[PDB]
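The hints should help you fit chains D', B, B', A, A', U, C and C' with the ligands onto chain D, whose structure is shown.
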Amino acid sequence: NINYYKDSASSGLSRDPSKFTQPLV
Amino acid sequence: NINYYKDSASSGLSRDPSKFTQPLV
Amino acid sequence: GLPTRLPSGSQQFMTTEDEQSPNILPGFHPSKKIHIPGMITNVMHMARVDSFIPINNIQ
Amino acid sequence: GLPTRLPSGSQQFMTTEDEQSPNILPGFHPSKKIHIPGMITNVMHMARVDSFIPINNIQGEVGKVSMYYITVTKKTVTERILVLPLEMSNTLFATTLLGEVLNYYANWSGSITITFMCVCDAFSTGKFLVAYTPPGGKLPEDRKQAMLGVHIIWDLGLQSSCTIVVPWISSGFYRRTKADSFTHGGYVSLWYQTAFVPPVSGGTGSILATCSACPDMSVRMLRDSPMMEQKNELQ
Amino acid sequence: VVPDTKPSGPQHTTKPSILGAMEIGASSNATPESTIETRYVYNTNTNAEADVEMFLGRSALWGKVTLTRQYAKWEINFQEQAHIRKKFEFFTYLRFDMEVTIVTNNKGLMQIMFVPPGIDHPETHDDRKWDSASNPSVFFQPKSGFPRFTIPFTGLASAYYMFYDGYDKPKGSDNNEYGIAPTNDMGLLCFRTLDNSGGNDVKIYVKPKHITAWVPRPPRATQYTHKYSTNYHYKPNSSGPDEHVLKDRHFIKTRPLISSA
Amino acid sequence: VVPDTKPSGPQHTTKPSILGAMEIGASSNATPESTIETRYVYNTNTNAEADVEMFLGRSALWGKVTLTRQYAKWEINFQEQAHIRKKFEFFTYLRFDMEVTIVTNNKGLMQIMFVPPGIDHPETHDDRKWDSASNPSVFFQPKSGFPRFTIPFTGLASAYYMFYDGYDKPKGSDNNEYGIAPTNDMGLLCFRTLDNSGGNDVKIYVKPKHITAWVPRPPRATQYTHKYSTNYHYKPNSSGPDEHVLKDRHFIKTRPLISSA
Amino acid sequence: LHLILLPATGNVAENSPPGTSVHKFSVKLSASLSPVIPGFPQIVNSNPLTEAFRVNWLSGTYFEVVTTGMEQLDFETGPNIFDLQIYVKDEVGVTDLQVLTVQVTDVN
Amino acid sequence: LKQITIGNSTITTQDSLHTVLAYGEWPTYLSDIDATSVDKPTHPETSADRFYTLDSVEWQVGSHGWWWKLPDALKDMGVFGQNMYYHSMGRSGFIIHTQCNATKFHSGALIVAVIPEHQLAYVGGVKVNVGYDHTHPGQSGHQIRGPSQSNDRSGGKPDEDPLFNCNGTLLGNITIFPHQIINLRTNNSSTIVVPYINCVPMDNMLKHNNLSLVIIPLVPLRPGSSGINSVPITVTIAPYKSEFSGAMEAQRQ
Amino acid sequence: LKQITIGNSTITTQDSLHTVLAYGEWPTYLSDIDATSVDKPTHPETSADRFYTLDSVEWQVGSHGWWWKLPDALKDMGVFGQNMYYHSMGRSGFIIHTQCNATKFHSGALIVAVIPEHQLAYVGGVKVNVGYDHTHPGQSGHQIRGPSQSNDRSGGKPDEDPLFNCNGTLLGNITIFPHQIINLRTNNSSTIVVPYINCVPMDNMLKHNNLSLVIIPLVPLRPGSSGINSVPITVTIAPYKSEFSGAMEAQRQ
Ligand SMILES: [Ca+2]
Ligand SMILES: [Ca+2]
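Chains as they are written, first to last, in PDB author numbering: chain D, 28 to 42, 48 to 57; chain D', 28 to 42, 48 to 57; chain B, 1 to 59; chain B', 1 to 235; chain A, 19 to 279; chain A', 19 to 279; chain U, 20 to 127; chain C, 13 to 265; chain C', 13 to 265. A prime marks a further copy of an entry chain.
It is possible that some hints are incorrect.
[To be verified] So the derived label-pair ranges between C-beta atoms look like this: (1) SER50/D' - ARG264/C: 23 to 33 Å; (2) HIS29/B' - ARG87/A': 34 to 44 Å; (3) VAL77/B' - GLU70/C: 32 to 42 Å; (4) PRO26/B' - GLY190/A': 38 to 48 Å; (5) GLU70/C - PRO49/D: 33 to 43 Å; (6) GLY90/C - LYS82/A: 25 to 35 Å; (7) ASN218/A - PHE52/B: 39 to 49 Å; (8) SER237/C - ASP192/A: 46 to 56 Å; (9) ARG165/C - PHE52/B: 22 to 32 Å; (10) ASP192/A - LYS116/C: 46 to 56 Å; (11) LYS138/B' - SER50/D': 31 to 41 Å; (12) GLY167/C' - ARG73/U: 39 to 49 Å.
[Said to hold, decoys possible] Cut-off 25 Å, straight-line C-alpha distance, at most; resulting in silico cross-link-like pairs (DSS-like, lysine-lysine): (13) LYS245/A - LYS91/A; (14) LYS189/A' - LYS169/C'; (15) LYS169/C - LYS265/A; (16) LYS64/B' - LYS253/A'; (17) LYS189/A - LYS161/A.
No lab work stands behind these hints, which were simulated from the structure alone.
Ideal placement from N, C-alpha and C gives every residue a C-beta, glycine not left out.
Just chain D, same shape as in the assembly:
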């Protein structure tokens, strides 16, 4: 995992359901 351009924007692609499907109290 090398960053060939020395920048964070210059990199490649980077890497819970319950806020939907159960948004209850």
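Relative to the frame of chain D, chains D', B, B', A, A', U, C and C' with the ligands by itself:
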């Protein structure tokens, strides 16, 4: 941080306000 | 110099490939990331929500 | 040999990229670096210096030194004396040090210092209200509508200058340099608080103004400046 | 990975794990262990092609241009092409860096100039504003390589607005602009050729990376009519005297009879 | 990064942190904590695109040339293009290495020869002075690659003069030269083509790196008229009998009325 | 009411003729289109005291400050800078007082 | 049985469901790590954060729906509206209580959704931005009035079709949004607690409408054996953790 | 109250500001790490480093400004001028004290700036280098005489416009330079201490003018109730840490 040409001029870009804005004694 | 080879699939632009690219506008500081409610990381979490079937699709 | 690949963006000449380049003239020893006074490392340090706003840019005074001051007098009713719209593309700010630095950058974020100085004799006194209307608000056209914003009230005596810190009040995190209606910066307006009372009946004072950047001011997205043109060829 | 199937025998329960209520606004917790008698199944399946970084990070075409007299101009927006616009309008706010690949069939020497917002772009080739000191510019030959550069997140906010329910001006104004048109402009790309040889077609393939999607929305069920506008009443014929009719252009197909499909 | 906003409550002070004096030649220390009641704000903003290495290190166009009979000649100076000249004339002394990228639309085989000062350059293509033993020369094909080489700081001083208030000769002389014309010459680049195929336009994109800026100056508020000359009275028409009039060519715009903007 | 182009500086020559021009200004009519009272704009005060600056009426709503020659400008003696204040006032009546700083050059 | 008290007001219910907490987050105050403007924001906290009940709309037969933009609907509702008109920026969470009760003889349903950034479509045709006056109707809301080819198009009228949610996205997929259904067989009310949803910490409360409460009669109102053909729907919206900064003159006319 | 003593001279003031120290550095001697020429430089240290007061200029109404090049202005001022004419190279810091006092009835301002390398523009038109005689006027300075289309252009005359600082850069941005303002309401004097600013350790003091003191009447001189229409401005310049090397015959004619 490799210098591919073995020279100081061959590198890339390199990296206090108070001498202005307050040049008082 | 160091012996290299350029096999097939080197000078090709695949759209779905993952490569690094030179940052235009260097030194650009992006605006800060605040906590916005509801962040979705996987579109299956959209798929897991109950949604109405149009069961009477007639003309 | 070692398997390599040349992805897109390899044989391209981007101007703003950072690459190493082969030194022509190798073995060249540069001349030595001596201590020259005043070394500047960041152009924001140029932007943070007080520089005079041409507050009288009207169609007769431009091209003259008398575009840097307005003339005040003893009036009965309160009048709006001066309006500076908080735009870095307005010719009031864009010709200063702060504005001609910030006109190179598409966005800016921070606070403005605006310092008003009244040049008059040692007996002329006066109180002025310097109000900053925040973004989204109309230009006041009444002192009661102007005192509801970010204001200061400065007296005149023993020191001629007073600074209003135009604070960073904005929805977004950065404000556009070329002013639009979405990210407009608001207005700075100078009012008579009580008067300007000179030692004679028809006496006058000359109010100047300087602007600079606060320490929390930032810029991004370096672009061309609209404060430079080239229509002929320099030979 | 997805959860494995758990074994379930016959159950005689008094709390039903299958009678729910649609009215509470919460979806069901119902797994196949509630309804039937299941077996253990090792599930090694992933949804790693369904996360936002893999769903949106694909390098879609954002805009096409044609060089007229050695010159093209394209303002950066995901709004001209409907297939990437639908995938972006799955969400409300998106924060992404974008890498921009230019696929041109021109043969020769081209120049891209990323004009940041707030300045005059070059209005033609051979213009004086191509000679710039600070505007970031890309020279390339389209034979032997495609150019590519990452524009980082230039937002004036924590994210880009895919939808904006507001206006840029106050209530009394007349040139008010609904939508996401004033909220963010990503600059523009000015194309020119310094040679004459090849074709004129320039395609701009933009890949969103480091994506953070913030509020989910319904996928659009109608064809787009304009850009920055979210309309969907297509006005097909302007000339003939059926002019003021408006097609809908949706994707809901019909079946001849329910309970027979 | 920039300093954070500190919280400030109501203050009743007898030393005002907002009454200063413009006459002392020092700018204000006034922060927004003096004038209003502030809150704490975490400021992660940087000015890393505003330092001299990022402000000036962008690869601006310094000079254009056109090959007339397989030959061009350009003396290295930042003075023909106004947009890089304004950014350099922000400062008085600048010490920088420069990398020189040549963008030519010629197709074939070109030669650059960096002629150092003090010798005769080749006056044409096919000249004998192209055959040189010690003059550093660059051969390249413009298809498959742009040439690039770093010229280090060749100064005869600790920095280059952007402005010089002096003369090269004493008082009695007649061919005296005001300005930065005698103080430094960066050599010249002699271009020739060994083929004939492509175009004639050669653009020289020069990037200052390892920059050290030494005395700040006001940004120029007028258009340039000549080079090495710092004049600004443009004499527009030489022929017609309005000849001795001189435009100003400044950028101060006017407003119709103060206290109405 | 507003006085267009007045906060401003005029310039008269030293031995100027009676009737010379020293600044040209205007008046915007306050969006009610109520015209100026015909005795106005005047000069109420000057800074040291002064005659021979009389405000004249050019063709239209445009005015002009004109030395009438009742007092001679003599730069080798004083005074060399005046601050006249110009007082437009319309038919309904909403006044505007604005200063014209008049300098005297040196004819030699 | 349920009770929701925010100061100087109280909501009480009898046949009520679980309260929906929108996207799992409660309304909070703006943290110092997420703030941009420097001045100290105001906090009314008891006279703005209270239950303002808007006008009742009438659920008849053939009613296609209603929508209220937020915080536009509370622009003349108390000191929340006064603080909105006097400040440059503002943020606010909301607690939206929708009430419709008829009987055990009535039938019907109401999908009550809260849409963040409901950019409404134009009513149809040419490239025309929708009007400021038509997307800011106040507490009266906007009766959706149904799709037709004969709808008025004068001056940027909004879209009138409830099936496409008046922005082109299908109803029934509206359940991706914080919603509840008022089915008159089972419940009569629906409480939705929404935090401040925006990609910016504070913005102008008059230019930008963050939320948009949308009520659609999914199933029509059958009266049954009872002569009542139309039942009122009342919407009680309470700001919660509302703050405003950048005080200035009132932004009225 | 202030007092500045450099040998055989003394400056005293009563209503004076903070002294400006140009770019935060005091005038120093040339270190051995920063020197190029091999011979030992001379150090007068008491007869050259002293306050030389130039001729007074008259601040009237309509005066556009004055400028004095340095160290050209001190070319006939004492043994500093004699050491400048007899040596090949030289470096010197300066202490510039500007005096203008009128009354409590006068008004006016004077931006008193010290410009390093004030490369003056030509007075206008064709590509003509400005003359040696016009940028070296001695202690008399150069009255700026105002912009006009009728200005003399014979023989490389310098620019006469004070607004563009007679090199094209706007006044008011002149405060990036070491400056002070003499506002007659508040102060009467302005002391600026400048080190040796050059990108070279020593150069010829007759060919090259390092500094250029520029005084501009920003606001005109109102006399008030008092019949005094013009007040003198006196400029007292003292070399400081001046050194010279490479002694030779006098470079006069
Ligand atoms: Ca006379
Ligand atoms: Ca005379």
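Review point. Against the structure shown, which of the earlier numbered hints fail to hold, in ascending order?
Key: 1, 3, 6 and 17
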